[PDB]
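Once you have looked at the hints, place chains B and C with the ligands on chain A.
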Amino acid sequence: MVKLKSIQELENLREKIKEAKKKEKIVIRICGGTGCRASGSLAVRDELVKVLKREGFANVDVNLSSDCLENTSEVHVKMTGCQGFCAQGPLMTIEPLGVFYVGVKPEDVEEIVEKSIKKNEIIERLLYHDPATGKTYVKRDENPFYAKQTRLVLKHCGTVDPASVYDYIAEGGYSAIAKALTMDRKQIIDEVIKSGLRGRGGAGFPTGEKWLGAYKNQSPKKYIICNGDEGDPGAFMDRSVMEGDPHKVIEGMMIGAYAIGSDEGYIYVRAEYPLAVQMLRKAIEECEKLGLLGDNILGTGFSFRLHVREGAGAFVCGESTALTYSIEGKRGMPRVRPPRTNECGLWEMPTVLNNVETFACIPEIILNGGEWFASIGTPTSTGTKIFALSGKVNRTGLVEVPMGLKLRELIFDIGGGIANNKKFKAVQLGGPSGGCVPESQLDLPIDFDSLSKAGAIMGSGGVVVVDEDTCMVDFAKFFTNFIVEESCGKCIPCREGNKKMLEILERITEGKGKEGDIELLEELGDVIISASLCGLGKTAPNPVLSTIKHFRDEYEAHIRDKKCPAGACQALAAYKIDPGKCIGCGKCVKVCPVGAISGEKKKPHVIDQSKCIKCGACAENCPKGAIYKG
Amino acid sequence: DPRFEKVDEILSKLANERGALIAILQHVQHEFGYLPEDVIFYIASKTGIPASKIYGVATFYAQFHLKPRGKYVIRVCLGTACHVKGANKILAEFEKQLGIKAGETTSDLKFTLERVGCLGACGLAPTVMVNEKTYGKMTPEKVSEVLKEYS
Amino acid sequence: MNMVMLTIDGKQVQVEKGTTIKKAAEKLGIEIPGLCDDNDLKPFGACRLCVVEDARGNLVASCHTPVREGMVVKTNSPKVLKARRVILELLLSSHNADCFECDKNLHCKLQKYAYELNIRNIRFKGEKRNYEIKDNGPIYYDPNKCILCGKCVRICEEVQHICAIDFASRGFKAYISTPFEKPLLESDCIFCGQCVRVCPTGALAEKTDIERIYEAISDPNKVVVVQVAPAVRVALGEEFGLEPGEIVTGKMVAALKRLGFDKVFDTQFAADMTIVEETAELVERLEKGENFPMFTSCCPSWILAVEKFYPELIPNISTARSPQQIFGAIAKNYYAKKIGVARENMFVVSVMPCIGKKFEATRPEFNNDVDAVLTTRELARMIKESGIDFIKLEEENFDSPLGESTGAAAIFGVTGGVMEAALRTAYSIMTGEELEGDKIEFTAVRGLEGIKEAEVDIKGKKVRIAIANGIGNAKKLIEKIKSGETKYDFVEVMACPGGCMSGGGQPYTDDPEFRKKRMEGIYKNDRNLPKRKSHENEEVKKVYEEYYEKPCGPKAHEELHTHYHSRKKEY
Ligand SMILES: Cc1cc2nc3c(=O)[nH]c(=O)nc-3n(C[C@H](O)[C@H](O)[C@H](O)COP(=O)(O)O)c2cc1C
Ligand code: SF4
Ligand code: SF4
Ligand code: SF4
Ligand code: SF4
Ligand code: SF4
Ligand code: SF4
Ligand code: SF4
Ligand code: FES
Ligand code: FES
Ligand code: FES
Ligand SMILES: [Zn+2]
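Going down the list, the protein sequences come from chains A, B and C.
Under full-length UniProt numbering, the first residue of the first sequence carries the number 1, and numbering increases by one thereafter.
Under full-length UniProt numbering, the first residue of the second sequence carries the number 11, and numbering increases by one thereafter.
Under full-length UniProt numbering, the first residue of the third sequence carries the number 1, and numbering increases by one thereafter.
Just chain A, with the same shape it has in the complex:
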């Protein structure tokens, strides 16, 4: 491909490929994210593309390139990432018809091309219907899930091909970099700190002070590095951002390297995700042939280079301290501080380590200025935070909201309420890195300061909703088991206390528990929080401590009364007999090895809980089904 010259040539090519999109009339696009590519996404693509090759359509080409730059296409097939609303899929959208089609399982793939493309009509039996209201939604913006979301960070996703560089350039991006090379760096840092931008993932520290401190360190060769790896098994944002549009991440890298003065950078992505790393390799190679990456970028003299390092699993690897060790080629054991990572990090060179949500808002801040970005949200902490909603809600998936709104409309209005008309119990924020919030504190605005006084931090941002069906002791034990399996084992507190807490919780949930275990849990939680080394051990006992602090009634029910209120712990099950529904078959006596049920034939039986082994075979073996687990 041709190499890019200075800014005026970039604008000329901008106009030349802006012509390409307005030399088209009809476009069709499919959700190419991992949500659609699990129940059939390319299958729907081939169920429809062969129809276009047998319906007298010539201009069918999908991948736009320089050879096909001057082809006026009557129909154009697009491949876009996570458009949203991944609860109901696969997602289909065509323009400029203006439809929103869900549930496109290949049973009527021929009707969409015959009706919407030719007759310009809209099929109503397959459109989205809300079970609560029954209304039919035809426009994307008319949908309640898209009604109050702010599409700001995700402006270009859902309408830009991640595999084509010419698609992102033709939208209006890569102009912030062109404005940046023609101006100084100190005012860039001043605009960054003035905008109120601070770290999205993890800590929440202001990025301006970190960038300025990296600037003030006089070193020959320092590093810029990316921690995009959602270790916690709660949400999906690392999936969405890169597979939607990776070029904005590269532009943010270029802005940061021009600002602080970096010449080579690294991106840490997990190798277990093949599609995302493949898209990054394609984007890096296409940009390298494009000429924005390398030496003498656009005739200025600034030099830059990117490497993509594939990780190897473990959740305790992106601590900002074990990641430099992992890239170096050693074990991911965190080291002590001070010295911090801003003074001597990767190979004893200065480093800056930002999550890839902070490197995404940089082009927007450069383009619009800090005055516009600070205008959204509470002035104490600006910006917007992305969330992944999951659990027992009608609509699940990705969401982006103006930070500062009340949680009630976030969980009920956006989520469409709780599924199966059940009752809501609790919300977990941040996954393992956060505590519980019950129904009583649902009217709290979402932000840093007020949530800090509630004991819970948003962390990555995964929001999971749990109903009355489950028992909280099992949920806390699940978190503790994950932390136990996922530690590293270097300092005594985390390594021993997590195992001890897991054993204590397993003892309690098995019905063998005794009095005074709650005080031991609180003491262990305090010690592990105080005396750990890295953040994982400092944050590990938070779910258990929060569950004790808010749900002591469940623990007292499990310890003394030996009954589980939600009936979710099988180790405390209680099988009971209906006297009227019993016909005295006696199969429960026969199939149970200990035979704790004893009675006369053709008569109701009585269960002795003292000698019952609670195997559950009594209800499932006698065909009458009069025995119920209550």
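Since the hints were derived computationally from the structure, they do not count as laboratory data.
No residue lacks a Cβ here, since even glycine has one placed at the ideal position from N, Cα and C.
Worth double-checking, as some hints may not be accurate.
Claimed, not checked - Cross-link-like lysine-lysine pairs, in silico, BS3-like; alpha carbons within 25 angstroms at most:
no., chain 1, residue 1, chain 2, residue 2
1, A, 614, B, 95
2, C, 308, C, 475
3, B, 106, A, 629
4, C, 452, C, 533
5, C, 79, C, 11
6, B, 77, C, 173
7, A, 330, B, 23
8, C, 542, C, 338
9, A, 406, A, 422
10, A, 18, A, 5
11, A, 105, B, 152
12, B, 99, A, 563
13, C, 125, A, 538
14, C, 308, B, 56
15, A, 423, A, 563
16, A, 282, A, 21
17, B, 77, C, 182
18, C, 524, C, 392
To be verified - Covered by chain B, per the in silico footprint, the following chain C stretches (three or more residues, Cβ under 8 angstroms):
no., stretch
19, 161–168
20, 173–180
Showing chains B and C with the ligands alone in chain A's frame:
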């Protein structure tokens, strides 16, 4: 030995980066599966690395392994979202009917179990996927059909 | 120099900027406990037991916290004590409590810290560590008592540069291992014993063979000769509450006599044998001018390091045996025919402070000259076993005719003292005269530097000499030699840092400046002797004129020489 020819041209192509060790130990598993018990100290003594350090690297990350892997690997998700919809009992049903525990494989025919968490289909029930045939809504009685076509 | 003003526990402190808050509070008459910290290692922060409380109110580690202006700290607050107590309960919850069977009994630091912090009732009872004990040779590894402090890995990484062992697994089940749990003999270990010296628990110990010594003694037809090392005379007293560096030669000779040993000897006689043989070899190599530089063979660990890592230097190594094996050959060849005993019926026991000697004793190529070996700790345990009070013994001398010695063989327990024992003999043999006055002592080969270099002028002829203590400095000097910057003539290498006085068999000490005291003790022992020259010994000359008639003879080549074979297995 034919093993000492496929490990030779990989230390010359993707080994020009100064400090790369994780990539080399990953492509070996990618191209052969079983990480051999003999190749490790060979690649150690080859370039500059003691065998102890790469043995420590190999046993830390859960992706790497030192036991035989079957042809077909089954994952049971077990993330925090796919845990509330009764995903604890499906692994119990697996171990009740097939025999092997989690992390232990029946090396005879083709089967292996693994516990990778929260794949990209999150929002579509507990997703117990076969190697390339990921499922949707699953029930402890549905397990049987997995043994039907995949056998 | 810039000083920092602070307060610690309500007391004003003046200390230089850069010291930690634990190492700068030791001079206030206060000491805070810690297990992961040693004076020879970089801080690691794995114990989390050395925590203190600053002004803000959060617990901060001390072994890796630089001090700055304006902090108030307290090391006796109830919160800190409670945290320490809970951390030690967490440690002892998963420790197999067979303190009767532990070799590290009454010296384990975990036991002392469990006594100090007043632990009385372990509330956390659960799953313990259950691993399997394997055999490795002279190093006994039991991964049931490991606390994963990481001292052994760091001392095999930061100092030795051998990289023999490393961490393995993760979480609660992590441990210390060689690759694939192979025995230490087949791994890259060189048996220096530094990992044994620093382990604060009973995980790493010695394979003890007091039993075989006991049926050797109990056999009515077996005659037992026991030999003592030069570096044992300065460190045994620490086992009995004395200040380190006290000369205890007569007391330990009396103790060995009362232990049932038939004959007791010192190895300084065989040491002077090695000195005169090595001087003859060096004169021969100077006259031919071939195979330079030439390396000593006094350290088995150095020989193993060459045979495993540098097999190309085998032709450049001296073929002289170690003094232990030479004394064994002398005892089983000459002394046996003089007394009139069969060769199979003589039992030779050695008391040496090194750990590689335990492995070196069982090489198939040495024809089993010595039968069993000991270290100083086992000797002290035997002395306390028989009930002998070490304080109130009476001084008595060695046996005959291999008991007396010279001053040249009493400085082998110091880095540099071997070549310093050979330069006097080389001066005497080449010049023809003997040094007088202070010219006997060479001040350029004394100290504790990593690499010591000297240019010695003898009768207008200059020779370049070098000393390397520690295998890391040895690797650095080998790199310098292979670079070809300068040419040497005679190179000494000792594997342990600081010479044989810091071997793995020496008793455990907590004082940070033990090396200076041991060097002072060795030098005082050397200066308190009438004869200071190896050539002036009588019985060495008698042995040559009765059995060999010439150094470097065919009989000496048959009995006092060995050959080395490469161990680098091709992969
Ligand atoms: C247990 C643990 C988990 C972490 N998980 C993440 C993560 O999932 N994503 C992430 O970007 N950073 C994670 N981090 C921390 C990284 O160091 C992070 O990139 C850094 O704190 C971000 O700084 P910033 O907000 O100024 O950009 C984690 C740290 C710990 C200790
Ligand atoms: S607190 Fe836990 S995860 Fe963090 S370094 Fe210590 S053992 Fe590892
Ligand atoms: S299963 Fe029903 S009918 Fe049979 S014994 Fe029990 S209660 Fe009676
Ligand atoms: S599980 Fe309990 S109630 Fe049911 S048959 Fe067995 S002993 Fe009786
Ligand atoms: S290592 Fe210490 S605490 Fe453990 S058994 Fe031995 S003497 Fe007792
Ligand atoms: S004996 Fe020396 S080389 Fe061997 S493991 Fe211990 S410290 Fe390392
Ligand atoms: S073997 Fe000893 S020195 Fe090594 S980690 Fe275990 S306790 Fe520490
Ligand atoms: S220096 Fe001395 S104590 Fe150390 S290994 Fe060599 S001979 Fe043994
Ligand atoms: S983009 Fe595929 S499910 Fe949403
Ligand atoms: S947590 Fe199971 S797929 Fe997301
Ligand atoms: S032992 Fe001192 S900080 Fe860990
Ligand atoms: Zn319960």
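Hints, one by one, checked against the model:
Restraint check for residue 614(A) and residue 95(B): the C-alpha separation of about 23 angstroms stays at or below 25 angstroms, so the hint holds. Proximity of residue 308(C) to residue 475(C) is assessed by CA-CA distance (about 13 angstroms); at most 25 angstroms being required, the pair is judged to hold. Under the criterion of a C-alpha separation no larger than 25 angstroms, the hint pairing residue 106(B) with residue 629(A) is consistent with the structure, at around 22 angstroms. The hinted pair formed by residue 452(C) and residue 533(C) meets the criterion: a straight-line CA distance of about 23 angstroms does not exceed 25 angstroms.
Restraint check for residue 79(C) and residue 11(C): the C-alpha separation of about 20 angstroms stays at or below 25 angstroms, so the hint holds. A distance of roughly 18 angstroms separates the Cα atoms of residue 77(B) and residue 173(C); the hinted pair therefore holds under the 25 angstroms criterion. A C-alpha spacing of about 21 angstroms is found between residue 330(A) and residue 23(B), which places the hinted pair at or below 25 angstroms, so the restraint holds. With a C-alpha separation of about 13 angstroms, the suggested pairing of residue 542(C) with residue 338(C) holds against the 25 angstroms cut-off.
Under the criterion of a C-alpha separation no larger than 25 angstroms, the hint pairing residue 406(A) with residue 422(A) is consistent with the structure, at around 22 angstroms. In summary, the hint linking residue 18(A) to residue 5(A) is supported, as the alpha carbons are separated by about 18 angstroms, within the 25 angstroms threshold. Between residue 105(A) and residue 152(B) the alpha-carbon distance is near 21 angstroms, which keeps this suggested pair within the 25 angstroms criterion. The hinted pair formed by residue 99(B) and residue 563(A) meets the criterion: a straight-line CA distance of about 20 angstroms does not exceed 25 angstroms.
Distance hint between residue 125(C) and residue 538(A) is fulfilled; the C-alpha atoms sit about 23 angstroms from each other, no more than 25 angstroms. Between residue 308(C) and residue 56(B) the CA atoms are separated by roughly 15 angstroms; this keeps the pair inside 25 angstroms, and the hint holds. Restraint check for residue 423(A) and residue 563(A): satisfied, since their Cα atoms lie roughly 21 angstroms apart, inside the 25 angstroms limit. About 22 angstroms separates the Cα atoms of residue 282(A) and residue 21(A), which keeps this hinted pair within 25 angstroms; it holds.
Restraint check for residue 77(B) and residue 182(C): the C-alpha separation of about 17 angstroms stays at or below 25 angstroms, so the hint holds. Pair hint residue 524(C) plus residue 392(C) holds up; C-alpha atoms about 22 angstroms apart against a cutoff of 25 angstroms. Under a criterion of three residues with beta carbons nearer than 8 angstroms to beta carbons of chain B, the stated coverage of the stretch 161–168 of chain C is upheld, 6 such residues being counted. Here's how the stretch 173–180 of chain C fares: 4 of its residues keep a CB closer than 8 angstroms to some CB of chain B, so the rule of at least three is met and the hint holds.
Violated hints are absent here; each numbered hint is respected by the structure.
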